[PDB]
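Chemist: Given the sequences, and given the hints that come with them, work out the whole structure.
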Amino acid sequence: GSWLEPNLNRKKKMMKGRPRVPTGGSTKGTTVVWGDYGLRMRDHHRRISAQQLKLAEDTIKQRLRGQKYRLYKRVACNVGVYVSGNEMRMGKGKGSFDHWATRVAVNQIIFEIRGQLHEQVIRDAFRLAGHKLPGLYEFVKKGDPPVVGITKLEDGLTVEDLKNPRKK
Amino acid sequence: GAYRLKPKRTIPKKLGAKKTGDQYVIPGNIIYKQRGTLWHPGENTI
RNA sequence: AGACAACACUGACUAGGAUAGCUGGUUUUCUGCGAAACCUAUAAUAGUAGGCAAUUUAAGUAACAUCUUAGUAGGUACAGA
RNA sequence: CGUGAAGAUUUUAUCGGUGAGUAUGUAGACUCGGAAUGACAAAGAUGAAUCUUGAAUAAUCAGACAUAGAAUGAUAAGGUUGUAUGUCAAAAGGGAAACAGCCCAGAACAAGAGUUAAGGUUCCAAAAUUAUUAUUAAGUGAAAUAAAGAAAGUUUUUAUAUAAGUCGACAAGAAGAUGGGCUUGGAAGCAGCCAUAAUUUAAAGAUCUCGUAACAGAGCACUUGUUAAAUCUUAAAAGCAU
RNA sequence: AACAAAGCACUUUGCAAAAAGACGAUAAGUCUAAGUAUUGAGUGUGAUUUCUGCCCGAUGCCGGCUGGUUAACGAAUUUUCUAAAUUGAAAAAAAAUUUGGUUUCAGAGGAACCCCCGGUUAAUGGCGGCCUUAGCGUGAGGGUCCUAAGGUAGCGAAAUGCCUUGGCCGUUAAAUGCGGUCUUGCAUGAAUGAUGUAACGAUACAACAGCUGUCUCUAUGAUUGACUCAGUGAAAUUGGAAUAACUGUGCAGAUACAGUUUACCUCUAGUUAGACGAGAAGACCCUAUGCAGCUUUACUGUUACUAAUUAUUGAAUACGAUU
RNA sequence: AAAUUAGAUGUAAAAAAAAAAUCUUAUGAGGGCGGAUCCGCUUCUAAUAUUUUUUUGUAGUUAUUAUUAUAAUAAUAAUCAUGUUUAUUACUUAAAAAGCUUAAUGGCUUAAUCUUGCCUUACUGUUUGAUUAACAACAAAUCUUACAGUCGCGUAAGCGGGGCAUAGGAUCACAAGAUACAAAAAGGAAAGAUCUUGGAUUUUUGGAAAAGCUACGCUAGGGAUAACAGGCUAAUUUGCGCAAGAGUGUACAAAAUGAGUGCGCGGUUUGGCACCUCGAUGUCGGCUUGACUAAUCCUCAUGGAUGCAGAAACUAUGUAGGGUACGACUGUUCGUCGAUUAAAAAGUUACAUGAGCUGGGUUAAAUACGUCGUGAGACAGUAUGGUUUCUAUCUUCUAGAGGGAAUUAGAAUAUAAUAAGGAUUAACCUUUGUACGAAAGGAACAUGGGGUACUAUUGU
RNA sequence: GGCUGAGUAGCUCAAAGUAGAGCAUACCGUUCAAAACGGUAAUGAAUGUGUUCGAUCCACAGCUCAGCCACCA
RNA sequence: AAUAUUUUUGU
Ligand SMILES: [K+]
Ligand SMILES: [K+]
Ligand SMILES: [K+]
Ligand SMILES: [K+]
Ligand SMILES: [K+]
Ligand SMILES: [K+]
Ligand SMILES: [K+]
Ligand SMILES: [K+]
Ligand SMILES: [K+]
Ligand SMILES: [K+]
Ligand SMILES: [K+]
Ligand SMILES: [K+]
Ligand SMILES: [K+]
Ligand SMILES: [K+]
Ligand SMILES: [K+]
Ligand SMILES: [K+]
Ligand SMILES: [Mg+2]
Ligand SMILES: [Mg+2]
Ligand SMILES: [Mg+2]
Ligand SMILES: [Mg+2]
Ligand SMILES: [Mg+2]
Ligand SMILES: [Mg+2]
Ligand SMILES: [Mg+2]
Ligand SMILES: [Mg+2]
Ligand SMILES: [Mg+2]
Ligand SMILES: [Mg+2]
Ligand SMILES: [Mg+2]
Ligand SMILES: [Mg+2]
Ligand SMILES: [Mg+2]
Ligand SMILES: [Mg+2]
Ligand SMILES: [Mg+2]
Ligand SMILES: [Mg+2]
Ligand SMILES: [Mg+2]
Ligand SMILES: [Mg+2]
Ligand SMILES: [Mg+2]
Ligand SMILES: [Mg+2]
Ligand SMILES: [Mg+2]
Ligand SMILES: [Mg+2]
Ligand SMILES: [Mg+2]
Ligand SMILES: [Mg+2]
Ligand SMILES: [Mg+2]
Ligand SMILES: [Mg+2]
Ligand SMILES: [Mg+2]
Ligand SMILES: [Mg+2]
Ligand SMILES: [Mg+2]
Ligand SMILES: [Mg+2]
Ligand SMILES: [Mg+2]
Ligand SMILES: [Mg+2]
Ligand SMILES: [Mg+2]
Ligand SMILES: [Mg+2]
Ligand SMILES: [Mg+2]
Ligand SMILES: [Mg+2]
Ligand SMILES: [Mg+2]
Ligand SMILES: [Mg+2]
Ligand SMILES: [Mg+2]
Ligand SMILES: [Mg+2]
Ligand SMILES: [Mg+2]
Ligand SMILES: [Mg+2]
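Sequences listed follow chains K and R, in order. For the first sequence, position 142 (counting from the first letter as 1) is numbered 202 according to the deposited numbering, and the numbering increases by one without interruption. For the second sequence, position 16 (counting from the first letter as 1) is numbered 82 according to the deposited numbering, and the numbering increases by one without interruption.
Keep in mind that a hint or two might mislead.
[As the list claims (entries may be wrong)] To give a feel for the contact side, a few chain K residues facing chain R, derived at Cβ under 10 Å:
#1 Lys133
#2 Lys152
#3 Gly153
Simulated from the structure, these hints should not be mistaken for laboratory data. For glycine and all other residues, C-beta sits at the position ideal for the given N, C-alpha and C.
Modeler: Listed below in structure tokens is the structure:
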């Protein structure tokens, strides 16, 4: 399969589900691991579709065409969305397959790029991909600390300092 | 159900612990109902 | 033309003999207690029965509720791959 | 390479598969790890009889909303269906302008500048025009947060520039090998392709925006000088505003 | 436009005691009819011109074997209990056979309907697909599958055509209309009749001429009401009302609640925006193990009618079969 | 590619001894002390476990090497072996899977699997305690215990009342066996009763032998429940905006243009929900009469426009004062079309307005066509026809009055500040054939177009 | 919008242990030549994926599809 | 004497 079309069966339906909301101090997926830069969702957790992620890649390729780069995708559309007709009435079972989607938590990286290009040339690519993706996104470099919830672990801040009941 | 109705409501089996630790029991009292041997019979149990 | 058969006709009028799990109504005061809209069954779903369970006032209580201390069952949030 | 068609033998940063990884992510039908809560029973203590049984004997079996967390819908519904807690139903009174379900609090009857909860104290209207420190100039807002986003609005903080003249303006310069090579009717920095170690200078990209049919020409990067600031440069982040 | 209708067609009725048909808790009997196959009854169609095609498979009716089936009837069978006798047992004993009484099983043969054969469409009814081509094209022609038979003549965007305001022509300055025509007809069709004229129509649609207050666009005039005075004197209606506007609220559309605003008290004639105005316990929709009528190859029944037979009811030859 | 067979982990098998400590146990010493074996405190001893603990010993046998005088000593190597080497035995070999009567889940490998021997407890009667008092009742159920009876297997202990577990409906009636209960005068019997057992899509499976139409319809009820409108919601729309900028624009992103998207407003469509109304909220168009919104068709002011010469037009910002007509077709809203016009734009108000009108459509009874149905009949299929009620009590409203309260003793006449409404269009000529333009074409500003009277102005 | 039934040789049609029989086609022979005729041969189970010892066959999802229902206001 | 299969085409 692929990151937009998995090797799953469309017959077996899936529940709506909910994105991951780490409430225990988890930095899972909030850092650049492969490339030099990244694109972080910094507003709220959502469920991005395979059509909104396909256009994001096409928007980055169009802006960086003719240049040497390596685009990494850190999200997979492994959630089958099933929609019943918006003209039908309530009941009569669950809806039919509509599209593949992926649930993303807050402050999680979406794309990562590694190439012999200028930083400002990559910003414009990630800036255009954010105006066409659902929500708000941010430009992230490699080496910067992870994010626990909506708070970055900057200036020596650790996950245990956030769990300490005393903060004042 | 769905487009084709299919009632699916089975009688509850109520499997699990019927007696907790340090609970008084006389001969015959069920202590644990289970499918298979999750717990095995020990001392003075059948 | 389901037309007409004397206010009525997809079957008149009159006397005699009904039911209605439905709607409506049920009249003085003080005092004590005080629900439910759930489960199971039902040619059953706006009905009913048995339970849970409201009330009366007798006999019981090692009753019931709650906390403390020690112990047990079970895998949710979370976290992880 | 090679045979009459055959195929044979080597390579790839091509597609699929296989092995390894204490690599990264993903979770209703994964849980190696693992709460709180809730549940069961034992003893003790406390408490408002609230419990059980005997006898006698009902109503109810259209529920609603709030909060949390889900399924479903469209991550819509004052939607539908479970779970946990409460209220309403059957609960008046105070607050939420008005209010079944929300925040407080459970009305037997009177008296009191009585004592308090939620909530509030300039006037309507009982009580502060009460003290302290900042922000806003928009009546923003003041008891139902409209979004992304823009911007010499303003404040703070963290960096950073400055009599070695920051910032701004003004004056002059901004070369040469050389119309780079290619392409093109023509391509001279400036249609397009390839290259873009040098040289000489106070500095000057085989060229960032205009201009030419193509040259020419006007600007920029960059360089010098003059004017001139003794808390006064530039940028970012955050707070409240437009 | 429905019904009837003259006409048309099919089925039925031989009259000897009752023609068939209708009626008669049910008969005698009556109409039919003091009629007789050119009579009566029933069914469909709906004068006339031109016409009425194919299928008897299904369903219905009718006819037909020295046939099969065949209830009653019935040749041949088979039991339960009990009494007596015999037999047996004769040990604490049944058991078996026969007869009486009692109570069961049992079916060679043996009617109609039915099975079987045939007939009937102006009886109820039914009257099809697929590929291929003289070049593209068109499809005369040629392939095949199935049916009882595959819609014939005619008609055809129709009172029938959803798509659709179908294409074209005429009519209109402008045609979703009307008329004509082409028709590949969702879903025309031949007595559930097909089709074209004359005549007829308070039927329906469309056009022309004339005509007009229908309209451009209303005006004036007359009478009776309306209005006032005198006389007489109702009705529906009404929880009680000191019965304003806005925004919000709320069983979710406020005269009545919140806030603000506005308004001196009271009548008359007009007007109908609201009072979810009045009237009729919504005909629509849904509910009730509520009704009524109708329908049928719904369930369970009764009849018309058909078939066999005891009885009333006796003979005779046969012919023949059981044996 | 796919047939059979043989394989697919490693370790151990001469043998220990001793000292202390930390617990935990003991039906050990009948321990001691408070209240023999009861209980909380308790020392001692024993046993298991735990320390990485303090160590000691690690030989013998066979053989090798070195030294010493074949033996001794030291080191090194091998060493389960008195046993048919096909050795054997103990332990170990992830998870999944296979197997265990059938789906799925859990479980079993130390048996619930497999092999073999003997068997048939897949027994009879009664009975215990449970399923936190089976299924949130009852009933049909499930697991388990004991006594008696008599069978199997096993050396024995003991095991066995079907299957690894969780999915097979009663009574009645009927049929076959047993019990010896009762026997409607009596002796029998029949028909009953108890025990065991069989035959069920009693599948609406706590268990009726059961097809439709009604538009001719009726009654009792329901906003507990649909159609109209309102409310909530905003997927969607025939309603819009903002952000970004692939691309078009001979050049040049933003004059115009704007793919696929993102962030929103709005409440005008189709829906969703079913909150109000079924002891009654009349409904599509038309007429009449309005009121309001502004997302603008015309008219007025105006920015941008290699793509603004002029003119016209495009786009955008202000702005809703007025206007947005006539006719043919269709029941039509809508839409198509004809011909004028400065233009012939929209929407909300119960898709405003039927106690203001109309009734062509939709939606009753009648009838026909086609289609469907065996039929009665039905049809977002089509046709012709088809009773449209009400004297206004109240609020609001349009007009007119009776009374009154005014700086105030009361009048007549004429009246102000001020308030509430009303009026509200557009085009052409002159200017001027001027600006602009190669030409065609053709503005803006300003003046006048009240007068065959006055006056003003232009000609004669 | 919502269900149902179908798909095999070039063209027809038949059929969980099979793929058959026609027509067409091809080779040859008959005729002066061609057709007809005669003789002798070669042609398939859609699209995957499951079930089963084995699938034209059973199950499932697509493509092609045709047919039917889209009723009361 | 009373018999009777079929057999198209040729710029
Ligand atoms: K009822
Ligand atoms: K009380
Ligand atoms: K009380
Ligand atoms: K665990
Ligand atoms: K404000
Ligand atoms: K007729
Ligand atoms: K006729
Ligand atoms: K026939
Ligand atoms: K027949
Ligand atoms: K007439
Ligand atoms: K109400
Ligand atoms: K009114
Ligand atoms: K065995
Ligand atoms: K007797
Ligand atoms: K008429
Ligand atoms: K005045
Ligand atoms: Mg975005
Ligand atoms: Mg079932
Ligand atoms: Mg009728
Ligand atoms: Mg009548
Ligand atoms: Mg309750
Ligand atoms: Mg029943
Ligand atoms: Mg609700
Ligand atoms: Mg509800
Ligand atoms: Mg109630
Ligand atoms: Mg209250
Ligand atoms: Mg307040
Ligand atoms: Mg006080
Ligand atoms: Mg005060
Ligand atoms: Mg060059
Ligand atoms: Mg005739
Ligand atoms: Mg007769
Ligand atoms: Mg005929
Ligand atoms: Mg026949
Ligand atoms: Mg007989
Ligand atoms: Mg017989
Ligand atoms: Mg016979
Ligand atoms: Mg024809
Ligand atoms: Mg006919
Ligand atoms: Mg009078
Ligand atoms: Mg209101
Ligand atoms: Mg009041
Ligand atoms: Mg009036
Ligand atoms: Mg009222
Ligand atoms: Mg077994
Ligand atoms: Mg229970
Ligand atoms: Mg039942
Ligand atoms: Mg049950
Ligand atoms: Mg009718
Ligand atoms: Mg409701
Ligand atoms: Mg301009
Ligand atoms: Mg004005
Ligand atoms: Mg209206
Ligand atoms: Mg009205
Ligand atoms: Mg009045
Ligand atoms: Mg004007
Ligand atoms: Mg003059
Ligand atoms: Mg010739």
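Chemist: Can you give the numbers of the hints that this structure goes against, from lowest to highest?
Modeler: 1
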